[PDB]
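Q: Just need the whole structure built from these sequences, with the hints factored in.
Residue strings, one per chain:
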Amino acid sequence: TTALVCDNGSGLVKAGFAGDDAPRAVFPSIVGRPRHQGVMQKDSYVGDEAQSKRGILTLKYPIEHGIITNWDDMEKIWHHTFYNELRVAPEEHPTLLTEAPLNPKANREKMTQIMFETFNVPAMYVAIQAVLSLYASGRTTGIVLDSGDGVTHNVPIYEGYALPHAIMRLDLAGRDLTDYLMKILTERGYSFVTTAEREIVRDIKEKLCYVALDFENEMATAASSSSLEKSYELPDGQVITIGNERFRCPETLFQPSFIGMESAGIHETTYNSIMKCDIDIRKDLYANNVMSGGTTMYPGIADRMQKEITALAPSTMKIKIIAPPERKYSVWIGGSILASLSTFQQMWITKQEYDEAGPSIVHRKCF
Amino acid sequence: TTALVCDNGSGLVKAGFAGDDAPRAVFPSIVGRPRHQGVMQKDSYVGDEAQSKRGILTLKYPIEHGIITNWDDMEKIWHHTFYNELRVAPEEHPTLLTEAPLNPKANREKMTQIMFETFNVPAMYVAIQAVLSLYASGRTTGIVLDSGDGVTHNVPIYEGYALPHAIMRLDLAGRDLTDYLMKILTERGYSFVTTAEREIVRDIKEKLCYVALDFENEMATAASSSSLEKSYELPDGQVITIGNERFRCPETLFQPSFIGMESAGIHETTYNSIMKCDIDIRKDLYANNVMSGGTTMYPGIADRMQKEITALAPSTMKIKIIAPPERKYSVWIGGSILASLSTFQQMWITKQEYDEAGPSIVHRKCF
Amino acid sequence: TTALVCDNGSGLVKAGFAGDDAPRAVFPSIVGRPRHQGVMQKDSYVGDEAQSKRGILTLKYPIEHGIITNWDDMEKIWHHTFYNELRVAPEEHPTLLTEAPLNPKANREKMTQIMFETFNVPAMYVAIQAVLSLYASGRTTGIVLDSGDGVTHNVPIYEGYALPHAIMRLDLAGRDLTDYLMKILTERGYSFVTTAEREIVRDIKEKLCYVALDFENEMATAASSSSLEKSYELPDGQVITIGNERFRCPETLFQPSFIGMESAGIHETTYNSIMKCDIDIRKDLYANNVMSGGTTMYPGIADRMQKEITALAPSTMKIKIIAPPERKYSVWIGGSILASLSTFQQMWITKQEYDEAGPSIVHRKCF
Amino acid sequence: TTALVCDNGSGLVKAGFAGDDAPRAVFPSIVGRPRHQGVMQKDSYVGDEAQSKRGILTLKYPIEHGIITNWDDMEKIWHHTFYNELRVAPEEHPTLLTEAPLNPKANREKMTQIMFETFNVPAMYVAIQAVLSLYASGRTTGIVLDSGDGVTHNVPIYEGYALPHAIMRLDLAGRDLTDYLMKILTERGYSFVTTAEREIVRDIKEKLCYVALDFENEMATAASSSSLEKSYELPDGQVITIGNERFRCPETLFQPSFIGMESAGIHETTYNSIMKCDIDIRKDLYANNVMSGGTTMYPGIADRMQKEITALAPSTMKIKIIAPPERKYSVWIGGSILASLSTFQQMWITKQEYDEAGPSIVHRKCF
Amino acid sequence: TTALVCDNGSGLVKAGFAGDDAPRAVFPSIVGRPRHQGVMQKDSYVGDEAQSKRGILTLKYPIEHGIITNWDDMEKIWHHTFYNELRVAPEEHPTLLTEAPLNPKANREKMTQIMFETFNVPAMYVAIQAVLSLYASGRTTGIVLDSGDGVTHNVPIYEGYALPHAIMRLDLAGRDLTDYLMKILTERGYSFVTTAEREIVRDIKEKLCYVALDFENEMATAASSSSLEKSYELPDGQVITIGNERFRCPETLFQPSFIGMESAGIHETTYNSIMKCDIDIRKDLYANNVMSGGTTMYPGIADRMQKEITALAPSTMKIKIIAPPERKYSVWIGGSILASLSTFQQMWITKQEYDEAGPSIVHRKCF
Ligand SMILES: Nc1ncnc2c1ncn2[C@@H]1O[C@H](COP(=O)(O)OP(=O)(O)O)[C@@H](O)[C@H]1O
Ligand SMILES: Nc1ncnc2c1ncn2[C@@H]1O[C@H](COP(=O)(O)OP(=O)(O)O)[C@@H](O)[C@H]1O
Ligand SMILES: Nc1ncnc2c1ncn2[C@@H]1O[C@H](COP(=O)(O)OP(=O)(O)O)[C@@H](O)[C@H]1O
Ligand SMILES: Nc1ncnc2c1ncn2[C@@H]1O[C@H](COP(=O)(O)OP(=O)(O)O)[C@@H](O)[C@H]1O
Ligand SMILES: Nc1ncnc2c1ncn2[C@@H]1O[C@H](COP(=O)(O)OP(=O)(O)O)[C@@H](O)[C@H]1O
Ligand SMILES: [Mg+2]
Ligand SMILES: [Mg+2]
Ligand SMILES: [Mg+2]
Ligand SMILES: [Mg+2]
Ligand SMILES: [Mg+2]
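Residue numbers (the authors' numbering), protein chains in the order written: chain A, 5 to 44, 49 to 375; chain C, 5 to 44, 49 to 375; chain E, 5 to 44, 49 to 375; chain D, 5 to 44, 49 to 375; chain B, 5 to 44, 49 to 375.
Don't take each hint at face value.
Below, computed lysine to any residue pairings styled on SDA-like, alpha-carbon distance capped at 20 Å [to be verified]:
| no. | chain 1 | residue 1 | chain 2 | residue 2 |
| --- | --- | --- | --- | --- |
| 1 | D | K68 | E | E276 |
| 2 | D | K113 | C | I248 |
| 3 | C | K291 | A | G245 |
| 4 | C | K326 | C | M283 |
| 5 | E | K191 | E | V209 |
| 6 | D | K284 | B | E207 |
| 7 | D | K326 | B | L242 |
| 8 | D | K50 | D | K68 |
| 9 | E | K373 | E | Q353 |
| 10 | B | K284 | A | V201 |
| 11 | A | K191 | B | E117 |
| 12 | B | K215 | B | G302 |
| 13 | C | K359 | C | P130 |
The set of hints was computed from the structure by calculation and includes no laboratory data.
A: In structure tokens, the structure reads:
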């Protein structure tokens with residue numbers, strides 16, 4: 005049987021069969037529960057059902073910053089992924105799961121236990137997202153800036169060797185930019201407070217927000233013109249209108265101090281990840297920055313990333329930012345390649361081998 | 005045995021057997037007592057007998073604004089409902105009673121005690137009228153504007169969940185419009201003063217009154233034409249003739265300030281009930297306004313309700329007012345459906361369980 | 005023992021035993037005393057003896073307008089009623105006496121005292137004449153126009169409830185029409201002056217007088233033809249001849265201004281009695297006008313009464329005047345029914361109860 | 005010129021000049037017409057002339073229950089008010105007329121037309137009687153119980169705002185108590201029947217009748233003593249003597265069921281008028297009951313009114329009944345104040361403005 | 005001249021002169037307008057005048073949730089604050105205004121424009137309420153839980169640095185607890201509906217309501233004893249009696265789900281505000297919770313707040329809740345300190361500087 009590839013991100017579940025070139029099931033990775041008692049019935053809703061029904065539900069994300077915080081809701085979301093969205097018996101297919109680097113070891117151990125004991129999967133693996141995202145680009149060398157809903161991380165790879173000491177990780181990604189857009193929308197007098205209202209602010213961010221190429225020149229232009237200012241229609245048909253908020257939101261990727269986060273931005277953390285590498289590989293990394301995940305989808309993000317890294321880099325270096333179309337799925341496409349390589353079929357952790365060695369056996373290639 | 009469904013409204017008793025699609029007994033819910041001593049004998053008359061005999065009687069309504077104010081007259085009206093109008097032993101049939109939301113808890117408790125101890129009913133329930141009225145329409149989602157003789161209330165329901173915080177209630181309905189029509193009839197020189205004369209003014213209201221689509225354009229037209237002006241023949245064969253009074257009466261549903269009532273009208277209280285709901289359900293509520301009860305029967309009431317809510321609503325929303333024929337009975341038809349559902353037979357409060365838990369057990373699904 | 009029923013009217017005593025359908029004793033209710041001394049002996053004559061002997065007597069009526077004005081003559085007339093005309097021991101039979109409404113309370117009290125202390129009657133009652141007259145018709149609803157020798161009164165009754173506030177009473181009846189016929193006979197040159205001559209004018213009225221259907225068309229016809237003109241033979245065999253006097257007399261029932269009486273006529277007082285009633289009963293009263301007593305016996309009185317009330321009534325109403333044959337006795341026939349009802353035997357005022365409670369006990373159902 | 009103030013009540017015309025503190029002309033408001041033809049001449053008499061001459065006249069009141077029922081007799085009574093009793097050219101003085109609340113609109117319209125077109129008055133107003141009666145007391149807040157010959161009405165006013173929804177009106181006042189005293193006088197054997205005899209019964213009521221503080225204790229005392237029993241001398245010098253009739257008459261203000269009137273009495277209608285008001289003003293109304301008009305003049309009426317309202321009121325409230333001396337004129341004194349206020353001269357409806365706007369302009373402050 | 009300090013809260017205006025230790029003017033911040041037309049005059053009433061007169065008025069609050077929704081009513085309330093309650097020329101005194109955090113920027117801009125252009129104030133500032141409330145306590149470090157009529161917000165401050173990212177704001181405060189107490193009073197059969205009746209429910213809440221230390225043990229005790237049950241006398245002297253309603257009301261601060269509000273309660277939002285802070289300051293915040301504003305005045309609120317935060321906190325931490333007497337004014341007392349500091353006189357926005365820089369200049373220290 006062909007393998008399942010389940011990217012299982014913190015803000016979308018992306019799942020499908022290895023060798024397909026887009027995921028079959030892509031759904032919100034939310035569990036919702038009724039706020040109000042029924043008078044007229050399903051206790052909880054998962055994914056797109058909890059989006060369609062979201063006004064009456066509190067929405068929980070069981071994954072935050074790539075760490076599974078509620079396990080019973082994650083077992084619901086996996087159960088729906090296999091039985092309802094893929095419509096597959098999971099005990100017949102090896103499943104390539106996926107994780108961020110530098111997660112707690114217990115997160116991978118308890119995930120592996122749930123796969124072998126609840127779902128009875130025959131064989132399993134857990135890849136690092138930014139390794140897979142490099143397979144999707146075809147490259148063997150590059151520094152992969154992957155930024156999802158939960159985590160941003162740089163993994164530098166050179167000719168197929170990882171550099172574990174150079175892996176950087178930011179707990180700043182799409183959800184922290186939703187939580188910040190809600191605060192700067194509050195300055196126009198738009199108040200969003202419910203978990204179900206944050207799912208509206210997310211669609212605002214996904215439609216209206218872009219990256220300013222020169223932040224303080226856009227701040228001047230929005231302070232002098234309403235050409236930057238656009239409108240958006242709520243599910244109620246009320247119309248909100250937002251201005252410099254359109255680029256002040258993604259700017260928080262480059263100035264995390266906006267959210268009170270003491271950190272380098274994604275430019276300085278990418279340059280620092282490059283600078284922790286040996287001088288000889290550094291030129292090959294500069295020419296192969298690979299962007300992936302949804303938070304790299306903002307209009308003009310690569311165009312500014314190139315000009316910030318060019319400003320940090322020594323001026324002889326060619327800086328190139330490889331941000332392909334469909335970089336939103338490149339972690340899943342990379343896993344869909346990997347799971348179908350003949351060289352990889354050696355690496356599946358088999359059920360027998362997990363019954364033998366226990367949860368020790370799961371970190372054999374782990375960061 | 006099949007259940008009894010007793011809508012037991014403040015201005016009509018509607019009662020029958022579950023699974024029938026119209027009530028058997030529909031009678032005025034009045035107790036009358038002789039004003040004059042007999043010289044020529050029944051101490052009190054109930055319902056249609058107190059209408060036929062009404063000239064010699066003072067008529068009391070034992071229910072006002074959905075609250076049972078005289079219990080001995082309510083025990084008379086129930087006794088006649090069971091033994092004379094349905095001709096049924098009540099101790100053999102479970103009875104679905106009915107109530108407005110936000111009534112005093114003691115009203116339901118003392119009603120339940122009278123059913124279990126006087127009439128010895130085997131099992132009982134008390135539904136909210138606007139839940140039932142949604143079952144009658146078949147819909148699982150909508151905002152139900154129910155307006156009887158005593159109470160107007162909006163109950164919003166979304167996919168079978170109630171939203172208790174959004175339930176609105178107006179103490180303004182058909183009886184307050186009778187009491188106001190008597191005052192504006194007094195301007196033509198028609199004086200109605202007796203309780204038995206108000207039962208004439210009620211039939212005037214039920215026959216001649218309609219809703220003006222543009223109130224101040226009808227007020228101009230009645231100020232310039234006698235095409236709006238109609239006549240009506242009293243029980244004495246005297247002829248009265250009424251003009252802008254025909255629409256100034258129901259207008260008090262939309263401008264309660266006419267009766268010195270500080271309130272939103274039924275349009276603004278329906279829109280406010282919609283606006284207390286989460287933005288996601290709001291579009292589904294706008295398309296499913298359900299009208300019910302007798303005070304929604306005026307010609308053109310839905311046609312104006314649609315155009316007032318369209319004026320408050322944001323202009324992208326489809327506004328639809330589902331006002332079916334027989335909406336005068338839809339509370340009873342809803343209860344006649346509910347009482348016959350297999351899923352509902354779990355919910356009957358049994359006599360044994362009331363002897364066990366006391367009047368605590370009666371509010372388990374209550375607003 | 006069976007009860008005595010004594011109608012004891014102001015111009016005839018009608019008396020008999022309950023359950024008979026005509027009175028046994030019907031006699032003039034007159035006491036006469038010799039005008040001239042005897043030379044050739050009874051001091052006073054009562055009833056038919058004072059009619060046979062009337063030329064030598066002054067005739068007194070002890071009742072005027074239903075009020076007993078001379079009590080010693082009323083005790084004579086009762087004594088003759090019991091001992092000579094019925095030939096009954098009064099102390100063995102309960103006696104249903106009778107009265108007009110709105111009489112002085114003392115009239116009923118002193119009548120009751122005379123029955124309990126002179127005649128020693130065991131039990132007694134005093135009914136209102138127009139209640140009894142409705143029992144005679146069998147009806148439970150109607151407005152009873154009773155017109156005797158002394159009083160005209162309307163009592164409206166609806167389904168066995170009296171309406172005390174709507175009871176009307178006219179001090180205009182058969183004796184005032186005798187006194188007016190004597191004045192308009194004086195215009196033909198016939199002078200009647202003695203009390204014994206008024207008993208001739210009464211028989212003229214009872215034989216020749218009728219009700220004109222259109223008074224001023226009969227006045228024209230009598231002014232142009234002697235077809236309306238009839239003759240009558242006195243006890244002396246002298247012949248008098250009377251013309252428009254035949255209908256100008258009863259017309260005084262409809263235009264009391266002829267006798268200088270400021271009043272509505274019997275049509276307008278019947279319509280006014282109907283109009284003091286609640287609108288709901290009014291239609292049932294219009295269809296059930298019941299005529300009774302001797303002054304309703306004129307030819308064509310119901311035929312004009314119907315056409316005057318039809319002229320006052322609103323044109324949709326059915327007006328019907330129930331004037332049966334034997335309406336001259338219907339007060340007595342009603343009392344003869346009432347006294348024989350089992351439900352009524354509760355109501356006799358017993359001698360013991362009068363000795364206990366005094367003359368307070370006599371007005372328990374009184375107008 | 006100073007204004008005329010014409011209270012124009014249903015049982016007295018009270019008229020005078022604004023700024024005087026008692027009316028000049030106070031006369032019966034009666035038109036009388038000869039019952040009998042002249043043989044020895050004025051066709052009709054008005055006011056005090058129709059009282060002095062009343063034995064030969066039928067007396068009509070052109071106003072009944074505050075509604076002008078005969079307009080030609082009302083134009084006679086106004087003509088005599090201006091030309092004979094005030095001796096004034098009406099076309100030189102603005103006239104403050106007066107009305108009850110809740111009268112037919114046509115009554116005020118036809119009154120205004122008669123003033124502008126027959127009498128040619130320059131400017132006119134029509135005040136509500138119970139507003140004026142509050143100006144007479146000086147108070148800005150209170151509930152005014154005004155009871156005349158035709159109407160009783162409560163108008164609650166709080167700090168100079170009327171509460172139209174709380175205005176109560178009873179068609180029960182001094183004339184209905186004359187018509188009831190004639191019926192209970194008939195129980196002593198005194199029969200009053202002529203319109204001119206009712207003007208005797210009125211003076212009996214005005215002299216002998218009082219309010220019992222505890223009705224059934226006075227009924228017991230009159231049933232046991234002749235200390236409550238007084239005598240009165242007719243215009244014929246005949247002496248009548250009346251007992252519990254002295255207080256059973258005014259008691260009909262508190263138990264209207266005595267006249268077959270289904271209603272609250274003046275205590276319960278005053279308390280109900282207070283209870284239709286918002287809770288915050290209610291304490292200020294309880295302390296400021298203002299009595300006015302002639303039917304409040306009975307000895308002890310305020311003393312019982314205070315003790316009935318104290319019995320209905322919640323026991324913490326101070327109840328005070330402000331019944332001043334000269335409350336018989338306080339409607340006219342209030343109008344005499346109002347007409348002389350500078351702030352009021354804005355409000356006169358001018359002849360020019362009535363020719364412009366028609367009878368629409370007359371209800372600008374109307375109930 | 006000394007500065008004015010105007011706290012200008014959503015439910016009270018508190019105003020005075022800097023350096024005084026209690027405000028001079030404290031008044032309701034209400035504008036009321038007559039519901040009824042005058043017949044006997050001020051178009052609108054402000055503050056304590058609209059409380060004294062409230063029965064006849066609709067009351068509007070121009071501030072809701074700290075946002076000024078009606079500007080013309082806010083200009084009335086400021087005009088009365090300066091000219092009538094303080095009796096001061098505002099153009100001679102710099103005025104420290106005040107605001108909640110995270111308000112719309114336009115609210116502060118339009119407030120500043122009204123001060124500089126209508127009232128012509130020479131210099132102005134707008135402080136954050138929870139900064140001021142810390143100055144009142146004297147502390148330089150603490151987390152300030154301020155809860156007024158409109159907003160609850162936590163502002164954590166450490167040694168005089170704010171932590172903008174940790175500022176939490178709840179749209180749940182005293183007015184939402186009045187609106188909820190009206191709904192749970194409706195369960196005893198007490199219906200409060202008018203805006204003027206909500207001002208009665210507010211005084212019920214302020215007198216009878218307290219915080220249960222163990223909510224479900226008080227719910228059991230009130231379900232078993234009437235020792236928790238107290239009575240209160242309306243302005244009408246009617247007596248209402250309320251039981252578990254006394255603590256179910258304030259419990260909505262801790263379980264907002266009672267009002268259908270998806271939120272943490274004030275305990276969990278205070279703990280979450282502490283947890284968004286860096287670990288080193290967290291111990292210093294736990295020992296310095298500062299309570300302020302009126303909704304913290306309930307008996308026992310600090311005693312439960314301490315025991316909920318102790319339950320969330322890690323057990324080694326000292327938790328202390330600094331809830332001083334007069335915490336109801338501590339925002340104003342803090343502003344009265346701040347306005348008198350010499351170091352602060354640098355910070356006044358001068359009129360000249362506002363004419364120069366425009367409404368940009370107003371957010372220089374803003375959240
Ligand atoms: N086109 C877009 N523009 C901006 N942001 C986006 C876009 N698509 C997704 N995002 C944001 O990125 C996150 C989803 O990224 P994704 O890579 O799907 O996450 P995951 O790795 O959890 O699947 C969300 O925060 C979403 O708001
Ligand atoms: N066809 C009609 N048109 C207008 N009003 C009506 C009509 N039918 C009933 N009503 C009014 O509505 C009330 C009766 O409504 P209903 O729904 O039967 O009340 P309940 O819920 O008490 O049974 C009465 O006030 C009646 O006057
Ligand atoms: N057939 C008749 N036609 C006209 N008048 C009659 C007739 N019979 C009796 N009356 C008159 O009516 C009165 C008697 O009526 P009646 O009902 O017998 O009186 P009472 O009620 O006193 O018995 C007398 O005035 C008599 O003249
Ligand atoms: N002193 C009095 N005692 C009792 N009743 C009186 C007195 N004065 C007048 N009335 C009665 O009140 C009515 C007159 O009241 P008034 O206020 O003058 O009426 P109007 O408002 O029509 O002028 C009449 O019915 C009269 O009988
Ligand atoms: N002693 C008290 N007990 C309970 N609640 C109170 C008390 N005093 C005021 N409140 C409530 O708190 C709010 C007023 O708080 P306050 O701090 O004065 O508000 P603002 O910040 O708007 O001035 C009102 O809702 C009032 O009902
Ligand atoms: Mg991902
Ligand atoms: Mg109903
Ligand atoms: Mg008779
Ligand atoms: Mg008057
Ligand atoms: Mg505040």
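Q: Hint by hint, note whether the structure agrees.
A: Right, here's what the structure says about each hint:
no.	hint	verdict
1	D:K68 with E:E276	17 Å, holds
2	D:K113 with C:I248	15 Å, holds
3	C:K291 with A:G245	8 Å, holds
4	C:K326 with C:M283	15 Å, holds
5	E:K191 with E:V209	10 Å, holds
6	D:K284 with B:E207	19 Å, holds
7	D:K326 with B:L242	14 Å, holds
8	D:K50 with D:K68	16 Å, holds
9	E:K373 with E:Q353	15 Å, holds
10	B:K284 with A:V201	17 Å, holds
11	A:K191 with B:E117	18 Å, holds
12	B:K215 with B:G302	12 Å, holds
13	C:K359 with C:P130	6 Å, holds
The structure shown violates none of the earlier numbered hints.
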